[PDB]
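**Student:** Spelled out from the first residue to the last, the chains are:
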Amino acid sequence: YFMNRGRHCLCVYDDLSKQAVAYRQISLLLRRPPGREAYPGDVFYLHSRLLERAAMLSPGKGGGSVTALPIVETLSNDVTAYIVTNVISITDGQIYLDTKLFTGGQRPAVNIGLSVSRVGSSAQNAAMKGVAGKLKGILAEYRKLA
Amino acid sequence: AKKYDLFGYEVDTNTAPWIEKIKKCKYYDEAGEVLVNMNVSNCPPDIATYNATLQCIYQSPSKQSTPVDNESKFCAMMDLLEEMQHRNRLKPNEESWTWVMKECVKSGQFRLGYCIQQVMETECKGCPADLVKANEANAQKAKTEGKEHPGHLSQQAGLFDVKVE
Amino acid sequence: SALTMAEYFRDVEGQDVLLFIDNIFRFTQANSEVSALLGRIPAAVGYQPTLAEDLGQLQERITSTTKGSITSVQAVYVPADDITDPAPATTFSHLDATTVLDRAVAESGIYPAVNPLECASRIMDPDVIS
Amino acid sequence: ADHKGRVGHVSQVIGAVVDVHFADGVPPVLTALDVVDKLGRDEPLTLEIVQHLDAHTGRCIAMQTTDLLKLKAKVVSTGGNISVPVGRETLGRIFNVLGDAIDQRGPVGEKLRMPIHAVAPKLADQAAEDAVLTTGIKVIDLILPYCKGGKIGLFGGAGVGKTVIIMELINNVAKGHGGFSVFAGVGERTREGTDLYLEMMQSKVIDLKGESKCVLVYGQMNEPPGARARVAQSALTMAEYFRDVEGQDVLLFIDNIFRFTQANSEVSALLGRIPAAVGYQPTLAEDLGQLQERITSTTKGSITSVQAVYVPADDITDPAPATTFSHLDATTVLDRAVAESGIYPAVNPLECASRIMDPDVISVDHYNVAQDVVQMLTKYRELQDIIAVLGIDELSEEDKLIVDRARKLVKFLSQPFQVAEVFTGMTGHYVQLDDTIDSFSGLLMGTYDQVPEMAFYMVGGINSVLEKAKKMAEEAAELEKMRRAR
Amino acid sequence: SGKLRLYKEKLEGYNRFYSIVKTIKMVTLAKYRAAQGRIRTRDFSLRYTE
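Chains as they are written, first to last, in full-length UniProt numbering: chain A, 293 to 438; chain B, 24 to 188; chain C, 261 to 390; chain D, 28 to 513; chain E, 2 to 51.
In case anyone wonders, no lab produced these hints; they're calculated from the structure.
Taking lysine to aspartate or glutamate pairs in the EDC-like style, the calculated list, with each CA pair at most 16 angstroms apart, reads: (1) A:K310 <-> C:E313; (2) E:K9 <-> A:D370; (3) A:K353 <-> B:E56; (4) A:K436 <-> D:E367; (5) D:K236 <-> D:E116; (6) A:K426 <-> D:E367; (7) D:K498 <-> D:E480; (8) D:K138 <-> D:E273; (9) B:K86 <-> B:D102; (10) D:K406 <-> D:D431.
Can you build the whole structure from these sequences, using the hints too?
**Tutor:** Quick look at the structure:
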């Protein structure tokens, strides 16, 4: 509603892991062909048509936007799960949280090595972009030396 | 003459009615609604539209009829300037910085006044004498009362005297 | 049945009641056993498709309301030490304090065989505790 | 033809699978049907017949959402398979599976249409001999040359200038061979589609006011699986028109080929078919065969497809990539490490491969030069390891010369693309095949042992190297002369 | 499952072992090079010892 009126919205899903289970339950109870991990064949389509609705409208349509922050839970740091892979293949990057970093003291336990933003510096302010341009290199060199 | 958007579709360059609508707003937050409405109508704001919005912000009583916590006219105008500069590729002229300086001097924020004065000198090629004199007068008035900075900052605090709550 | 008794003590008597459940996994196991004969297609691993909702309905009843409080302690069985199994994995979100036991710790003579790097508590915050 | 306009009624609706009952008999499989009842829908609904349940009932897959669809809803056959506009009027436009202009840039005004599903060329239509496709890029033309009618596996995700290479190929194929290109986005992010369209419009490969040299056919993720399994075939039909009617060397980009397999697997799962190992559809081999086999070099023209391959879970033995590799004739690998070193295009020469790297296909001199370059690069890696262990001064005289020549080669494999003239600000280079062979052969022998190393950085041909060396020498002389004054 | 996670943990342990051994290689090479200086200064002390 705010996107189509030149305003900006932020949607958080906590979490898509349980929606997939609910959809699988609904499909199985209605006798539909199960797929990998018993999920139906429409789970990828479900998540894609959910996340694809978050966009950045052009100036000719008000300039509104919806920012999506889906959350997904991995078991034993297994990113090979069916739902996790589907969500990763749809979103524009990821923010991976590491259990060892969280218990080690790092909070937020953002694993910069496995985290990525496909948008890149385009989503940064002029000052933030200038600082990050050198911060990224310094951190990369520090990790290599360590 | 004619202008086109990123996809090559012609846009509307008749912003005069929208400027008149902006001049009718009482609370400057409503002025933001006009910008959104004209954006949807495929009529991107011009430099004149942003100047009208800044004038409305300076001349409006408050952001809304109901008071808003931590509301600041300076922050809103600076955000609008950043929008038109970065996300629209429009260079603010002397009038925009003049409105910002007028708000700074009117609000008593004489340090932001110094920053805006430097900005105008570097870009506008000169700041109005009246605004600079008023800002200096506000600074002197604050200095005489001793309220150059918040009181809690000038209090001495040792290593163990810092209450981090 | 036990939760109904606890709920009565919580509401009508307005008392603070303790609820010890051992083992909560058997409820899921019994439902899975009966699911096959009810004409329901098995889910992954082989649990019933209604594993999440069936457990959630029971778990939401085990809570402290404005009338009384229930301090529930539940023992969860992890088949073959596979903590990623759907039944153990679905119970983590329904708890305020998880105590994860490890067989490796027990084999070393350490009892209770608690793995502190895998446990978590909600009140582990400076605002709640000192 | 005899079933044009035949009336049918919807008999069952289970998700994206719709069964239509025809009193006069179901039309042929793969026939497009239109739902005449648009009571409350915001888009038209079209169904594709995939199976026949009986003499009168037929199962179909919907190309859009099946919301607000009632039973007994009237359906009219379109007279055949899905039809897509083909011609020179489709250049610079964006289409969907149904061949509808989604760019909101006026009517297409095509003069002919072709069915989506067409049999692959017969054994008698195959080209007499394999031929190389001069892409104009030194690295590709030398180490991993492309073949007309072949399939190239483009590895390496975003962050390595993949789109820039695609645009450069689109420009070069039209510049040299005079053939157009068709880009197919299968299960692609809509944001990335917009970015690619804007980049193409900015590089003038899609000139709104002029002549474009690329067609865009986008099937996005938000669309149902029935469309992501046919967008590639629509783009392939568009390419086939140019290949046959106009006899050109067309390009067909697929982004990605894994999304095509995923969409087909989902469609098969909806129908209720038993998945094969891992969980892909039992017709995985046939699905890829019916598509790749249509991409070949015939006696009229050719279609060389550059398909972006994705390896799920980094498992190269997975049935999807494993089956895909059986149809690939080349492999272009893009690495971030190469890009971070300032080498563009970021291609790992020792990681790529090609089957036409044989004297029986390419010239003997070309093969010898390519093998020599590969051997020198491998020896350079070995010497880099050695010096990293012991040191530079421990290398013998021959090893030092090998290191210098290999460094020049590495710097010489980079090239500026004409597509990047606006951004980089430096003119791009289109290097001829023979020019590259001669330049590398001369460099390997040791003729250019006096030219400075940096003279080979971001240049095209050998003449560019000489010009850059002369300019560097003049600049150094001027700087030294100025220093002597002060 | 468990066996899949078992292999994942085993591979992670091997990666950790490889990293540690690589660090050992670097450290040893540092002393190899650092005490490589002897080569210039040898073969002259023992002349009349012969």
